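One chain is shown next in structure tokens, namely the form deposited without ~{N}-cyclohexyl-2-phenoxy-ethanamide (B0A).
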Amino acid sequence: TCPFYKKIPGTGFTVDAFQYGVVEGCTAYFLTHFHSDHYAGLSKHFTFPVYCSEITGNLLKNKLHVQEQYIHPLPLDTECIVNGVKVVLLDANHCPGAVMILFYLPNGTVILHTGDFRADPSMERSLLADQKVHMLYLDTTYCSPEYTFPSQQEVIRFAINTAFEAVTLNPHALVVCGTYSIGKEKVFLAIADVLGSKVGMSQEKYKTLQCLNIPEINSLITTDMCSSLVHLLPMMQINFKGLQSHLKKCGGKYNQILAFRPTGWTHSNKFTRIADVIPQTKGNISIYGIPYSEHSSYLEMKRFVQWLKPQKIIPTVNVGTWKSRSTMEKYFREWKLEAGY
């Protein structure tokens, strides 16, 4: 059944709740972003109102075939009325089209639902600065102090410098980057820009990227693999067997692969700096795991929460075990005692 942390009290609304059938009492289904664990259940047979960003709405229409009459896109940073209730959509600094949702309840309560987010100090100057938030529905993916990772800018600098050195030393090297969802497009776009290439990919992945409103996208990507020296493959093919196989397919155009796997966190983060990362190598194939995150580090999450000073926190990630729930609740109380709210 639908868990309580997916329901917005005092409303007929749910958030990211499409896999439970008809949720009794729901008049509007919000979708924070186009990742499969969140849209699970949506298809061309859905007949209730879906509220989302413009970009998520493009993906619903083109990839899932949801009918246009049920897609309700909202502009960002704009007060809108939905079924009698004032709401605002804010950029979540996650994947393209991802939003946080501010609900202004008829009784005076204000609720922020972060969806999935990577907290940033820029959020402290959005429309959130302008009133008190009582209840926070929080993306707690990395809510433990071991989870450190570098800025996205540091990670892209590392990837650009590595790829440009390798291809200038060997003009017959191919660069491959893994993907299995939207998000993290800066990794493959920044590398192709330094190399003067388009990125090549499957017809399915090109269609997906053409829904994202990225400026000048026609100048940056292609379905013609032969013209490109940055290829995108499914994340499942980013291993020595998959990559040796791919190299066979390129008809002797290339004699070396340098591949990137943008993971979330991995425990080499507790010891190793970005400057010091090394690849796994077999023969003429090298694979780099780079810690490019689209979720908050522990410290970024803690700063956001201590700034916002909510009255009540409801975690939306890691809620399935008693040990995880107790750990999280201990951090929330630490933060509240340190900052004095």
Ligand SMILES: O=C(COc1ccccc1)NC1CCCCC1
Given for the second form:
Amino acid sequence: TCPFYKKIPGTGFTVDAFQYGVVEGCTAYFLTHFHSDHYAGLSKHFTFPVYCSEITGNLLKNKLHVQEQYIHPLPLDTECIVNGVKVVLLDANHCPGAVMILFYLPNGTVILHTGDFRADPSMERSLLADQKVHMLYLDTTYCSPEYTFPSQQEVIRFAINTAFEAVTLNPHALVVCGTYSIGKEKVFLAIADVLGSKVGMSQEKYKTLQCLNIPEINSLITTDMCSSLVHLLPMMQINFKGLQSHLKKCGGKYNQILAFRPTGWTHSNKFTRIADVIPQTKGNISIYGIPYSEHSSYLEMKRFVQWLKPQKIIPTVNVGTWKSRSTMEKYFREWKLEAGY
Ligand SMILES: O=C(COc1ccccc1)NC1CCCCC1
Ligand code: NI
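Swap state to the form deposited with ~{N}-cyclohexyl-2-phenoxy-ethanamide (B0A) bound from the form deposited without ~{N}-cyclohexyl-2-phenoxy-ethanamide (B0A):
What follows is the entire complex, opening with the chain shown before.
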């Protein structure tokens, strides 16, 4: 059964609703981004129209094998008519291909669905600038003031400086970066760039990255592991056992591993600043957890919502408990009273 917060009223549209079978009355299925919780249920035998970004469409075709006849890519920042309704796709500042969707309902109501997003002041100068939004379907992943983390730029500066120092001290060190989905590619691309190397990876991960429209990608990545001193591995292998195993396979080329585990928020963000971050170490292996977020911090979310001044907010994350629903509703009311809308 498809839940209410994935339906768009007054239309035949759903958003990120592929795991409920045939949804009654749905004429077009929107997909905000290529993350498995959101695409859950999509496969090669899907036979209804799917509306999405170009990048998401490339991933649907090549990774899930959805037939081309059902993939409807739309350009960003452009008014489009879908089944008699005006829509706009906006960059979500999440992973590659991720969008927010503006719906202009036939009755005059305007709805914004953020999908997953990392709110930014630049969104205040998007096509949102003009206009009234009556309903906001909001990515509330980190909707509590405890959720603090640095800018993406600060985290990348830390990673580049850490990697460059380690490899300049020991030219026989290998750098390894964990991954389990699209997103956060800047981590491994920025480290490889400072080290003068391509990024080495499996055939499967190479295929995925080839779908993302990254400029000059062929100059940046490779399946030839021997040519590369920055390697990508599944996130599940970023531990002392897994990294020891990997080092054995490298034919005596390296005598040290420096590894990065991009995470979201963790409770060490309540205590330790990015500059003060230290690794876990066992012998010649060191592992850094770095808080590289592709979701809004509490402060970023609050700024966006107080600027947009929506008439009603519908959370799309942390909706499953009464305690988390009540917590979110209290913050929305504070924000409204503070700003006066
Ligand atoms: O209980 C939770 C579960 O996730 C929530 C996320 C947003 C709003 C409400 C809940 N988190 C807590 C972590 C430690 C301190 C802050 C809330
Ligand atoms: Ni996501």
